[PDB]
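2 protein chains.
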Amino acid sequence: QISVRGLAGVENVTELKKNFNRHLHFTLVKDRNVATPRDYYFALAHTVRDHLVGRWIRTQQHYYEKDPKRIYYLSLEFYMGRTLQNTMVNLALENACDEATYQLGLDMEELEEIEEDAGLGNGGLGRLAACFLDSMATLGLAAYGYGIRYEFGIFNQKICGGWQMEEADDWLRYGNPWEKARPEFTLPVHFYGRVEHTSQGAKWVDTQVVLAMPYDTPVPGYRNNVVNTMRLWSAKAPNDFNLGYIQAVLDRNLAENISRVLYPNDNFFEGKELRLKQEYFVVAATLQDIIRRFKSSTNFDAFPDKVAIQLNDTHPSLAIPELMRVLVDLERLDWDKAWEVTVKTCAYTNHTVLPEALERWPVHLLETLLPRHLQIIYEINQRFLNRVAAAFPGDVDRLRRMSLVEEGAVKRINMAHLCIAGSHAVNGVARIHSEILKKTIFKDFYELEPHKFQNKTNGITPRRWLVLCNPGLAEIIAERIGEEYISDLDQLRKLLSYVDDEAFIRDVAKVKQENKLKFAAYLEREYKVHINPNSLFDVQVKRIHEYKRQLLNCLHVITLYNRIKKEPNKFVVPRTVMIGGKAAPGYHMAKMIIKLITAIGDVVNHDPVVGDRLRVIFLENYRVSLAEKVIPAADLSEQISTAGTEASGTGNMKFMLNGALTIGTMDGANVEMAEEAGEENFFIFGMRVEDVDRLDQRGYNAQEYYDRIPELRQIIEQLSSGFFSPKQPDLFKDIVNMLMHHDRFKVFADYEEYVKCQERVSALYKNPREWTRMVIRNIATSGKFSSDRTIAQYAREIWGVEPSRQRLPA
Amino acid sequence: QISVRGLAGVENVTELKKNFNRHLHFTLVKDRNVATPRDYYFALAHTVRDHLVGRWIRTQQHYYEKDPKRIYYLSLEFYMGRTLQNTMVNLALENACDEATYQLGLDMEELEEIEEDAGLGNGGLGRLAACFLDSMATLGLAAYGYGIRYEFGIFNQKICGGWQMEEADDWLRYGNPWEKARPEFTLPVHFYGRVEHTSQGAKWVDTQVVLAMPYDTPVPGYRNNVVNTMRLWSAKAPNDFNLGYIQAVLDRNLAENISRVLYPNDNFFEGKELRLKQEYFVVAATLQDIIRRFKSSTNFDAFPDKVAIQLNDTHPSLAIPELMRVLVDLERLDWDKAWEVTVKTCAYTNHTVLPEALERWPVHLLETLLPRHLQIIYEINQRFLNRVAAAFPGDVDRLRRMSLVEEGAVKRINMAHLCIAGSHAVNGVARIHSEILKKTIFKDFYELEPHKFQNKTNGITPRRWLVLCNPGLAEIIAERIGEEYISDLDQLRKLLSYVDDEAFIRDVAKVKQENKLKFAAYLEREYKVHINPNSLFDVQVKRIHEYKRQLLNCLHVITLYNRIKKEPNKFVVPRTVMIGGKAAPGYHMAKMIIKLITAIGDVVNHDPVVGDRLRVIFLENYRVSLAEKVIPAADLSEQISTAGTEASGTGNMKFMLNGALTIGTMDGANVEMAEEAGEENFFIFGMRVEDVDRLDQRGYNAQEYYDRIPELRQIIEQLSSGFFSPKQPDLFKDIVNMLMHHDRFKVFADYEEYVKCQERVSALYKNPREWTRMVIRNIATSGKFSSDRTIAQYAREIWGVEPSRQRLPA
Ligand SMILES: O=c1[nH]cnc2c1ncn2[C@@H]1O[C@@H](COP(=O)(O)O)[C@@H](O)[C@H]1O
Ligand SMILES: O=c1[nH]cnc2c1ncn2[C@@H]1O[C@@H](COP(=O)(O)O)[C@@H](O)[C@H]1O
Ligand SMILES: N[C@@H]1[C@@H](O)[C@H](O)[C@@H](CO)O[C@H]1c1nc(-c2ccccc2)c[nH]1
Ligand SMILES: N[C@@H]1[C@@H](O)[C@H](O)[C@@H](CO)O[C@H]1c1nc(-c2ccccc2)c[nH]1
Ligand SMILES: *Cc1c(COP(=O)(O)O)cnc(C)c1O
Ligand SMILES: *Cc1c(COP(=O)(O)O)cnc(C)c1O
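Line order of the protein sequences matches chains A and A'. A prime marks a further copy of an entry chain.
According to the entry's author numbering, the residues represented by the first sequence are 12 to 254, 261 to 314, 324 to 836, in order.
According to the entry's author numbering, the residues represented by the second sequence are 12 to 254, 261 to 314, 324 to 836, in order.
Hints are not guaranteed to be accurate.
[Said to hold, decoys possible] Straight-line Cα separation of at most 20 Å, PhoX-like style, residue types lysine-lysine; simulated pairs:
(1) 169/A' with 617/A'
(2) 312/A' with 332/A'
(3) 247/A with 312/A
(4) 247/A with 247/A'
(5) 465/A' with 478/A'
(6) 544/A with 554/A
(7) 792/A with 759/A
(8) 29/A with 465/A'
(9) 191/A with 41/A'
(10) 370/A with 294/A
(11) 169/A' with 655/A'
(12) 41/A with 191/A'
(13) 191/A' with 191/A
(14) 247/A' with 294/A'
[Said to hold, decoys possible] If the Cβ cut is set under 8 Å, some of the chain A residues that face chain A' in the computed set are:
(15) 17
(16) 250
(17) 613
(18) 615
[As the list claims (entries may be wrong)] Sample of chain A residues with no beta-carbon within 10 Å of chain A', all distances over it, derived:
(19) 167
(20) 247
(21) 254
(22) 721
None of these hints come from the bench; they were simulated from the model.
Here a beta-carbon is modelled for each residue, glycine too, at the ideal position from N, C-alpha and C.
If we strip away everything but chain A, and leave its shape as in the complex, we get:
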């Protein structure tokens, strides 16, 4: 149908058809008379998977032969989403598969909807890991993603009576055709035990053993025949575990629980023993695999020339002391040599400055679970502080601040300090964030070792986030500038030559309109909700958090409602306000925010005076597959975190690529997006980081805003008095109390500027030609936010390897 989906040649189509029928019969053991759509989805998935296999085998062979430097990306989260469409796009099979299925009487788009998301992450951090794998394969890097194969990924969200309920995400129920179990490469991981000091060094003895069994998933690059590996570990008890008899067998679950469930917290640290087990499990299995592969290619001096380990936040920080353990206790290197190797091998990416998200493990947990690692951490700390003392003599407070060990009621290990000490590179994830790291929380470390500190601004893959989710936009772009932009997104700048072209303006607006109609129908079909597709689609999708300020959006929505009720016969630009996202199950305030959003909807959506001028919809079960549907449909992207709190953001970049304008604060990557597009093409409002600091110095008093802004006072009185909860008048008192007395994120302080900025948005939306011209200016300057750019920078500036766009032979 469309050019960017590839060729549908007669021989290709014939072969796909016969292999589809082969898999239905032999693999699924069904005849066509009782096959369901799910059976047809599996038969297609197996057919497409067969095309990956030859390339996967050849790619891994090529790495064994050439022996390039290997990149190991360690993460507790890989938020992959669905695989079928992405695989077809990357192998140029989409049009052929569409045709093959069409000729068999099937609708491929319907089959695609049957696939479960692989939901092995919480949000941005996990999704970044997934985008990075796609870019590393596309850039020809010998890269491996290592993680945990959780049996249960991020929970499915149901809304009941306006409240979030959680259900287990049993994503493997029907099988996962993309993975290959490799039980032959199972490795042991040790826990508990004690340390014995012999004459030939330390020995970690009397341990409990859990086995780590790997499952491998192919990661195809874009049209280059490179297929890399994501290796995910699953926990298995040994066969003599606990070995009355029946109970001993049932108690194997105690070991296997390590890989059972993803911790469902976004940007928050929960210091539970099971989480610590997960972190060590992934590190210990991965490092054995790395060392095996290195030995099969005695002399560890070359280790950093052949291996890079990238730590995705501090979650895999135990890699540092584990590498030291292996090199010192098992390989018998002297400490100084081992430390040199470790530092040159490891690099640390920080993704947050919120204090509640920083990992600080109690010493007593590490002492019991990982006694040798604790000894190694203490030794690292002593040697590190000896360097600090020599550089800054007499500065005793600096020694306390920089210590890996935090004093207090409970002594804790600061994992970020460990990562900085043991890594040759430390980066933040947007320019403003990397500057904040150097000026505030890691200032001391920067003064000691300025050379370590870098920036690598985040990005998103344009394969999933343009070609896959918005083929109509990809096509109209390709008609003008060709297809090369898909792996070289900077070529979108060429679109600035079309900003005055009437045909292009029309086509851009037409694609948005089609995406809106398609999303409005999806809503009606799957959720029985009716929306006006001529309205401005105002969208805030992201995890529910105080710092992300869904509450500020709520205040604007109520302001609009109150303005309509005051002057009902005045024209206002119609809006559909859509908010979606999961709350962590234990995060009470986030759960209350969801309830407020649905409660506002219950009033606004049923007021006959409002009509179709304002609708408030809570989008249930926000996840990667839903992002792919809603983001192409959005007109306005809400990126409204308090300045200094969102390290980068990546949803922001997805919306920019897909033809939404952005209303946002100067936070995270929003700063760089505005710089690329021009501030005149962005709806910037609110306090900058410097203004937040000035307010904190004099003291934030929310009462002052309440006293001075009548529209704000009215909303608080409505919340307090039960206007949005007539049967439970005090339902929102915790929200009111927080806003008035304990608001760390200064919602009221940005309210006036936010409302005024929203009025400018509405004014521009009234002039569709100028709205669309501004959109073109945003899409055209979005090239910097390709994860291909991000990964090329990591490769050159951190890993010491050169990217390549050259194809392997087919």
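With the hints as your guide, set chain A' with the ligands onto chain A.
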């Protein structure tokens, strides 16, 4: 190579080779440079599986179209063993696969050794279920085996310091290529709750739900293109189960434990709640499947014309009240109509008379777990006893004896009484056993309803237990009488015409010798033990039990040792005495018997005066795959249970088919084997059932035998004084005390006759020509013991269906 293994045609061989390479590449994702023997085994298994699929689909289609009466064989155990070779034999692919693999540079016999046994049974009962499935498919019956897919089958046995240690049987670790998950046919099963009585009958409410997910395994018939289904249920928690968050997800194990592990007791009842859950789980899921299939083919009068349910012992006895529950509570049939349907549908096979093996569930367990089923059981009981009272007026003791409810400290339900009441047919498993049922434990029931009581003597499949395990014997038979005997084992009678044929005598002896050499080499390779292959191979393999009298064998072995030590320079026929079998983990005396056997070996095998004249070997990890190796190698089969205790036995029949002579008591099927072969061709000894009864009436006094038999006294003094345990002189005191004071199985009472009979065995072994002629007489008369015969009798006399040897089209 040999004719009974089929044709190796050029086109077949070419196609197997290309499909093998296809599976290695696409299914296993390996290239030949790193493939292991395990990868090659899987590639062959997938290649062979592909040939089953078309036949499986066609067979199940044919049943949907023709709508024959369906046979449902319900069992807690299916002891399947390995599948690869059996599938090749039944599809006539063995020679083609041998050739195809040979041309690829691989040895198929080595690949076959990699496959795990499917060990989902304890011994005879589970293995009978497996033989029956093979015979039902071979006889063209629309039959389904229904059971539980245990994650852990019968434990792997290790011997350490002469003691049994247990290890989990992680049989699914590398995957199971034979099964197909069918998550789309998942069904709910209810537990706990309470009963509400409305105006429209009873309702079982407030239950906990566990999901039953089926896995289907193909069951090929012998060369007839019929492939039936074994459907095994696996337990899954619903997604809202327990739905802080993390703990709720981890607690899904409480539901999923139902299918985790096989209870490892043979011929013994352990009344644990988990076992009861297992029994209901299999019944409840199975019955829904049965009813679904019946409705898709309102009027339950035709139910018994379309459905037969065979209960494999009382383990699935809850089928009776579950069927009543469904028909009365859900379909709203009146009680009397429902009961008529139930009785005509169900039939019960009893497999034991040992009191400790009979299921008697405490009422309090059923009251909590299955409250509606308990109410239905009480109603069945009241109506049943009303019939008894009308037939035998005033016989109040008979009412107490026949009640389904047993009075006492703890009230219990007698499940055997429930099965008799609710079944149209009740059978035992050998003639002597079925007579014992009518004369002793079910005498009262027989007097009320004599028409219900039948015999169906057990059998074994000649596919696995001759063709597969002893191809050399199968071939020399086939050279004389053709191949038809493999599905019509009565044709072996034709071999009586060859009993004086010198060439046949030579060939029979040569095959045995080859099997002995092959087994003697296996022992050396896998277990570092050396045996004399010219010795008489004296074999007792079966689960370790007091009633099976491994101890009587032990007394004979010590007698032989003592006779050698007394007269070392006298000739004795050399023997290798092999004993193997698993002990239930909680069965202390069985564990002590294993220790005694290894302790005897430690003395006998290292005494230089004995030399190679006597060796005692404990065969570790006895299981179906080991039976296939040792049984073809045996000269003497030990079948020495106390008369009246072994319901049938089936190992006995395996040995007869494979050219061993039998030393045995007149117990179980030994009686019928002796009758078929002639008593002159069998080594019969010991008390008959009648002699056991006479001894019980006057009182068994073991001291009398000790006082009268000096050789026996010497052995007991050796045991007591630490001759076989010098470092722990009192190690065997429990064994001595049991033999002298509390022996229910009268070991001493059969000792003298056993030893004398063993002397006759040795005398015959000295004359190889006459030994071999007696062997031919046994093999020739073994035809009655085909499970094809057994199944034809069930089909005609119980199920009301006609067997068929006609082939479906290929
Ligand atoms: O010893 C070897 N001989 C031949 N090829 C090897 C060997 N070791 C690794 N390879 C190749 O590279 C491997 C990739 O797996 P890895 O061990 O995870 O790196 C295999 O799939 C082979 O293609
Ligand atoms: O509604 C139907 N239409 C066509 N074929 C059916 C239908 N129901 C069952 N079958 C056939 O018989 C089935 C065997 O599965 P069953 O439901 O377990 O008996 C399928 O595999 C079909 O081949
Ligand atoms: N909030 C940032 C977000 O601004 C950023 O775009 C994303 C990727 O760098 O990482 C997110 C992030 N997620 C975590 C996180 C996730 C799970 C557990 C603990 C921390 C820390 N940081
Ligand atoms: N001992 C008989 C044996 O004589 C008989 O050959 C076999 C098959 O009928 O069934 C065995 C049997 N096994 C059980 C059993 C198995 C597991 C749990 C409880 C009872 C009962 N009966
Ligand atoms: C991109 C993405 C995120 C991150 O969005 P932010 O607005 O940067 O927090 C979270 N969840 C999903 C499902 C995503 O695709
Ligand atoms: C046949 C068989 C049995 C039953 O043997 P009996 O001597 O009848 O108790 C037990 N276990 C295995 C592995 C078998 O093949």
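A quick look at each hint next to the structure:
Restraint check for residue 169/A' and residue 617/A': satisfied, since their Cα atoms lie roughly 12 Å apart, inside the 20 Å limit. Pair hint residue 312/A' plus residue 332/A' holds up; C-alpha atoms about 11 Å apart against a cutoff of 20 Å. The hinted pair formed by residue 247/A and residue 312/A fails the criterion: a straight-line CA distance of about 26 Å is larger than 20 Å. For the hint linking residue 247/A to residue 247/A', the alpha-carbon distance of about 19 Å falls within 20 Å, and the restraint holds.
For the hint pairing residue 465/A' with residue 478/A', the CA-to-CA distance comes to about 14 Å; that is within 20 Å, so the pair holds. A hinted pair counts as satisfied when its Cα atoms are at most 20 Å apart, and residue 544/A with residue 554/A qualifies at roughly 15 Å. The suggested pairing of residue 792/A with residue 759/A is violated, with an alpha-carbon distance near 38 Å, which exceeds 20 Å. This hinted pair does not check out: residue 29/A and residue 465/A' have alpha carbons roughly 65 Å apart, beyond 20 Å.
Under the criterion of a C-alpha separation no larger than 20 Å, the hint pairing residue 191/A with residue 41/A' is consistent with the structure, at around 11 Å. A threshold of 20 Å between alpha carbons decides the hint, and for residue 370/A with residue 294/A the separation of about 26 Å lies outside it, so the pair is violated. Taking the CA atoms of residue 169/A' and residue 655/A', the gap is near 19 Å; set against the 20 Å cutoff, the hint holds. Distance hint between residue 41/A and residue 191/A' is fulfilled; the C-alpha atoms sit about 11 Å from each other, no more than 20 Å.
Between residue 191/A' and residue 191/A, the direct Cα distance comes to roughly 17 Å. Compliance with the 20 Å bound is thereby established for this hinted pair. In summary, the hint linking residue 247/A' to residue 294/A' is supported, as the alpha carbons are separated by about 14 Å, within the 20 Å threshold. For residue 17/A, the suggested interface contact is broken, since its CB lies about 22 Å from the closest CB of chain A', more than 8 Å. With a least beta-carbon distance of about 5 Å to chain A', the hint placing residue 250/A at the interface is held under the 8 Å criterion.
For residue 613/A, the suggested interface contact is broken, since its CB lies about 11 Å from the closest CB of chain A', more than 8 Å. The closest approach between the C-beta of residue 615/A and any C-beta of chain A' is roughly 16 Å, which is over the 8 Å cut-off, so the hint fails. The Cβ of residue 167/A sits about 7 Å from the closest Cβ of chain A', inside the 10 Å cut-off, so the non-interface label is violated. Not every CB of chain A' is more than 10 Å from the CB of residue 247/A (nearest about 8 Å), against its label as outside the interface.
At the 10 Å boundary, the C-beta of residue 254/A falls inside the reach of chain A', the nearest C-beta of that chain being 6 Å off. Non-interface call for residue 721/A relative to chain A': holds, since the shortest CB-CB distance, roughly 36 Å, exceeds 10 Å.
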